[PDB]
Amino acid sequence: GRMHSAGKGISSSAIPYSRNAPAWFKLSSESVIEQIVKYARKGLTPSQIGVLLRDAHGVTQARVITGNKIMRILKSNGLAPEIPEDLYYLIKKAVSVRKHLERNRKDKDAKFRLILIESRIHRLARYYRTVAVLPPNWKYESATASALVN
Amino acid sequence: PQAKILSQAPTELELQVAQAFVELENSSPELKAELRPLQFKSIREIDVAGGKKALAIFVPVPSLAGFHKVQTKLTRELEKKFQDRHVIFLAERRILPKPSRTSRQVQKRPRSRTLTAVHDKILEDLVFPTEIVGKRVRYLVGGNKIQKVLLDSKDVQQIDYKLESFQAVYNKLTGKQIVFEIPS
Amino acid sequence: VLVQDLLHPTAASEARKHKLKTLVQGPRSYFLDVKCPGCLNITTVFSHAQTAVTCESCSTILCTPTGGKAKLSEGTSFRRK
Amino acid sequence: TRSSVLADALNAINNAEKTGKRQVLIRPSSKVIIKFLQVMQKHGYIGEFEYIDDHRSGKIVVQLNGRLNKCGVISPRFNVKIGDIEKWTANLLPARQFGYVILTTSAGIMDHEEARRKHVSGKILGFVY
Amino acid sequence: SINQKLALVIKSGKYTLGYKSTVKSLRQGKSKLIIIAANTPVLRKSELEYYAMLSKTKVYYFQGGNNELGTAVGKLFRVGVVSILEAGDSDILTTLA
RNA sequence: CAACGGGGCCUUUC
Ligand SMILES: [Mg+2]
Ligand SMILES: [Mg+2]
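Residue numbers (the entry's author numbering), protein chains in the order written: chain p, 2 to 151; chain k, 4 to 187; chain 3, 2 to 82; chain y, 2 to 130; chain O, 9 to 105.
Derived from the structure by calculation, the hints contain no laboratory data. You may find that some hints are simply not true.
To be verified - Across the chosen pairs, the derived CB separations fall in these ranges:
#, chain 1, residue 1, chain 2, residue 2, range
1, O, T103, 3, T65, 18 to 28 Å
2, y, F99, 3, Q5, 42 to 52 Å
3, p, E103, O, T103, 22 to 32 Å
4, p, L117, 3, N42, 17 to 27 Å
5, p, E31, k, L34, 18 to 28 Å
6, k, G53, 3, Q5, 53 to 63 Å
7, k, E48, y, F79, 26 to 36 Å
8, k, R112, y, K71, 36 to 46 Å
9, y, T106, p, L117, 42 to 52 Å
10, 3, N42, k, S187, 34 to 44 Å
11, O, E94, 3, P38, 32 to 42 Å
Claimed, not checked - Listing some non-contacts, in silico: residues in chain 3 with all C-beta distances to chain p over 10 Å:
#, residue
12, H9
13, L21
14, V25
15, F32
16, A50
17, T61
18, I62
19, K72
20, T77
21, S78
Just so you know, even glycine gets a beta-carbon here, dropped at the ideal spot from N, CA and C.
Let the hints inform the model, and build the full structure from the sequences given.
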């Protein structure tokens, strides 16, 4: 593993075998969807929404409670972000690295990391353009990357 | 009665079930808003090796969560209305055959309509009150397969006495051998 | 060895094993009902909570995120769901 | 990355058999793995195998009876004709009397004997003896 | 952070960009907050602060210049000052100072 | 009569 590293870490979530809501869960799926929409309106990405749901409420998985994934619920409710969340965060990190590199310009480690991050961005954007999540002409340009993350 | 609950062409066996539904709703004003929408279609009777018989009541799948949330109470009453019977509620799920290479194209055959998915849901409906906590498939040396369903030890005291009835019903419906086990 | 029940391991061995390396993988985390100093709800809190969960009807901190399992503010009654 | 789960499963079976284990765990237990194991079990090179159903691709526990010398995949799955089945068996099997070259054909996964007595061919999948 | 709150305001609430519209909003009293770029000329900054003192409007001093403020509000042009008319569903007006 | 291979019908399916 570790596409851009030599690490072999296996840490991840081990989601349960049970595909149904837990017996102690007594909130409604409609209430969970309403809270999801409220969080999205407050400006939270699907991963943050799921984190807050699982921490502050009893919703273990919005898929096993509402029957749908969080990004799917957001898209059905008309709150889908312009670009996918992981790609957005990759471009945000690339913007941060490029800003630090403009300021420093001696950070060859940062130059190498920027190359890695932009390669990851380009691979993700190729996948999204293939599955038509992004327009076929969508392009990551460094000079307008910040303008596309805001 | 035989018009609001039947949902199909009349069968003599559905008469008792419709009457035992309408009288239980008459005799319960605190439960007079649940059984009203709860209709069903043809019930199937399945033999059991223990001399008993099982009543599989089919609801295709509207308001099956309602049948579930009110099922732990009226199952026992439908058992009491006439004995030597194990009552189980199943969703009536369509199976679309897997398209052939040269077959005419139809629209995408949802994954819920596959034979495997409907059989897994059949198992869930069979053991509704208890969650299935595992599945195994023994591939015997002879060549046949036996599917083992591991059930949750919680609330198993409502289905544990009809495990053989479950096996007979599943064998009748699918034709595959099933065996239940409670992991302790 | 050379002969053992891989299909029926002992519960001690399975609890000893890594959460992904069990016969069927599953989480070792859980949920807790934490009683607020107030009322109207017992808040459900993830064991390894990443958020410093606050009371629904109050403003106190129930848990603090850590590397693994979250802390519980040292004043709390909790039951393991 | 994992490219042939069948290769991984057959390698695990071979390692367990040659180390003397009477059982082996293989993951992620695909349909091709199951059919290959069924052919092997039909011809008596393995005993009972159980499919553990996690909601992932699944696992299999195989019981080995000590009758297996070597099972292996042929990668790539070469297209084999009726006349090439003989060459493949000559190259892979230790004798003309026993052992099986397993093919995947449109009539299903089967040994070369079943393939030639059904007069079908396909792609070579592996071997067992 | 402040840029995230500002992005939320641009996405959901009401705002104006620029000195003239900001001063107009201040004088009509429909401004709840004005964000002034770090590189704003000091005379203009003082005039905006005086208008805010007269209108009882909050002032936030953006650490970046007009380029960075325009980027933070999501535009391709320099913005020297931003006026928040309605916060929308955004916590910018209450989680300050 | 045993094995080996073929075809058609239901079994929620042509
Ligand atoms: Mg790895
Ligand atoms: Mg690489």
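Here's how the hints hold up against the structure:
{"no.": "1", "hint": "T103 (chain O) with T65 (chain 3): 18 to 28 Å", "verdict": "holds (20 Å)"}
{"no.": "2", "hint": "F99 (chain y) with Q5 (chain 3): 42 to 52 Å", "verdict": "violated (30 Å)"}
{"no.": "3", "hint": "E103 (chain p) with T103 (chain O): 22 to 32 Å", "verdict": "holds (30 Å)"}
{"no.": "4", "hint": "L117 (chain p) with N42 (chain 3): 17 to 27 Å", "verdict": "violated (46 Å)"}
{"no.": "5", "hint": "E31 (chain p) with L34 (chain k): 18 to 28 Å", "verdict": "holds (23 Å)"}
{"no.": "6", "hint": "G53 (chain k) with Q5 (chain 3): 53 to 63 Å", "verdict": "violated (37 Å)"}
{"no.": "7", "hint": "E48 (chain k) with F79 (chain y): 26 to 36 Å", "verdict": "violated (54 Å)"}
{"no.": "8", "hint": "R112 (chain k) with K71 (chain y): 36 to 46 Å", "verdict": "holds (41 Å)"}
{"no.": "9", "hint": "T106 (chain y) with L117 (chain p): 42 to 52 Å", "verdict": "holds (46 Å)"}
{"no.": "10", "hint": "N42 (chain 3) with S187 (chain k): 34 to 44 Å", "verdict": "holds (35 Å)"}
{"no.": "11", "hint": "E94 (chain O) with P38 (chain 3): 32 to 42 Å", "verdict": "holds (36 Å)"}
{"no.": "12", "hint": "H9", "verdict": "holds (17 Å)"}
{"no.": "13", "hint": "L21", "verdict": "violated (6 Å)"}
{"no.": "14", "hint": "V25", "verdict": "violated (6 Å)"}
{"no.": "15", "hint": "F32", "verdict": "violated (6 Å)"}
{"no.": "16", "hint": "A50", "verdict": "violated (4 Å)"}
{"no.": "17", "hint": "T61", "verdict": "holds (13 Å)"}
{"no.": "18", "hint": "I62", "verdict": "holds (12 Å)"}
{"no.": "19", "hint": "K72", "verdict": "holds (13 Å)"}
{"no.": "20", "hint": "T77", "verdict": "holds (15 Å)"}
{"no.": "21", "hint": "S78", "verdict": "holds (17 Å)"}
Hint check: violations occur at hints 2, 4, 6, 7, 13, 14, 15 and 16; the rest are consistent with the structure.
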